[PDB]
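Below sits a lone chain in structure tokens, taken as the form deposited in one PDB entry.
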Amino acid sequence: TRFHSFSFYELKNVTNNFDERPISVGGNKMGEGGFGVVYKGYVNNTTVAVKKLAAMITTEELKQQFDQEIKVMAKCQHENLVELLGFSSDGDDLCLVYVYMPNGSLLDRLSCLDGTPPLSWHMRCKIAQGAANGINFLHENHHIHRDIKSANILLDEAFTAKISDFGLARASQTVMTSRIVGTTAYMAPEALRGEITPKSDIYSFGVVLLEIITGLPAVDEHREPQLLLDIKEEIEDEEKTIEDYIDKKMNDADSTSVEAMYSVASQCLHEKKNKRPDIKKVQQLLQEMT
């Protein structure tokens, strides 16, 4: 509940003065998003993940997300969610300290970033389950994630799914905003129009399920089709099948359970929010799959 307050200068030292070069070329950079850069850190015998908030066009605004990340982190602690260890305010330089995830993000593991071997269909089902449980806990606690994507599903040594990035998270199937925030490749139709509903989180999870099946990122500029959702259309319009897209980097994948995960994904991806299943139903269908 109550978080440790680190001083900016402690964090600078622990991250080799926020060395922005990738860990692959001897830097501290593990990844980046639109609102910040994540660094590897070594605080008091603990390897940590330091997210330093930054405009990658946002104002501050940034501080609103900082207060929101801590507020949700204080109330939401669970087996399938990341754990915040601390924070740093000092001027415009805002940092959040997390538990270091040895298997990084689902997005990076599906693309085998840095020579990691491809994920077994067995681990993929475990991840899908864990990721769904984390969303259930957030919803049961009247919270909408708003940024469900494979980059925001982190993995430990045992490949346990851990939902991250709560900077956009909101306490709660029809609320309204103005100013649309999130990742468009994953965003539900209603979400792109201002609607704040837990049903949007489910849609996004369907996009994640297709990435899990195919090993393909939601959007790829140098791919035909660019969008993974266009391949969902091709399946539903008999122009192609799910087998034509099952990740070729698997051997333990059986069309039986693969078609089952696709069935769940298809329901998650219903155009009309009320036709989509709730998180508890998604959980049921995934536990039924194995």
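Superpose the two forms; the largest set of C-alphas matching within 1.5 Å is the rigid core. Residue numbers count along the first chain shown, from 1. Compared with the form deposited in another entry:
Just one of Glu83, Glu79, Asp92, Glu140 moves its Cα by 2 Å or more between these two forms on a rigid core overlay, and this residue is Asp92.
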Contents of the next structure:
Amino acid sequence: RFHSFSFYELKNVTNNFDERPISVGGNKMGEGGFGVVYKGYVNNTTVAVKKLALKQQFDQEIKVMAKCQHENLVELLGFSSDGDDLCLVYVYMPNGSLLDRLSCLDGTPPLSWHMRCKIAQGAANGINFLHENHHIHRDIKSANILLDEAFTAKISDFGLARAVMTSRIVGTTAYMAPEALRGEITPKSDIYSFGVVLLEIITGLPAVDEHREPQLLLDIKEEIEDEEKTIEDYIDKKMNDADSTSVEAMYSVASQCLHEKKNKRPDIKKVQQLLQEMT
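Return the structure block for the form deposited in another entry; the form deposited in one PDB entry was the one displayed.
Since only the chain itself is given, any partners or molecules it might have are not part of what comes next.
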């Protein structure tokens, strides 16, 4: 199904796991809580190699990736398990994550409103495919939305995905639904998290900022509803092509996604429908 790489092959293609960043001539692209991401080159093809630093998340990623293949899901090419180290090889996303592009990391120009609308639609198509295949992502966030050579949105990181209550609460607190913080596992929690992503797209602001008032982005929904502020006051100033009608239409979707009561949230098919009507 996927290519079985030996640890020595991934060792050489990543220039002996060169921990220096890409900008300084190394191979390190970044790091997460479960491992370091390296740029690799296998037979004239660029790859992303995640060296895990745990086995259940390796197995779950492979299991979900074998079952779910879609235009808006990142593709797994292979893996390595022969050593004491576990590696996952993916299709390389030249435009990194949506979080990095919204923050203009490493001098990248701001995303236009037109590109932002296409990204939101693509991400919704990806979540829709996961839910149609009875999978809950559990960690929907802008850092988990990757961008290819045409800025096509690709949902990533299926290590926490589930095919209901849990004793092990996992995810990113700033994006998590109230019931998800309580231990509930439901596809409606993915909808809430997508609502936070839509707010990041409109504002260009991260979900959480400790040196900001309010610290959490989902709290701007309260300020707008209580008439303290408007969505117009929060529109990313780094755009020149945003129109009030489509911004209000995306905000309306985000607002519906961010309902505290999980049953009042729209399903992903409705979210997909509202985002298509927006354009």
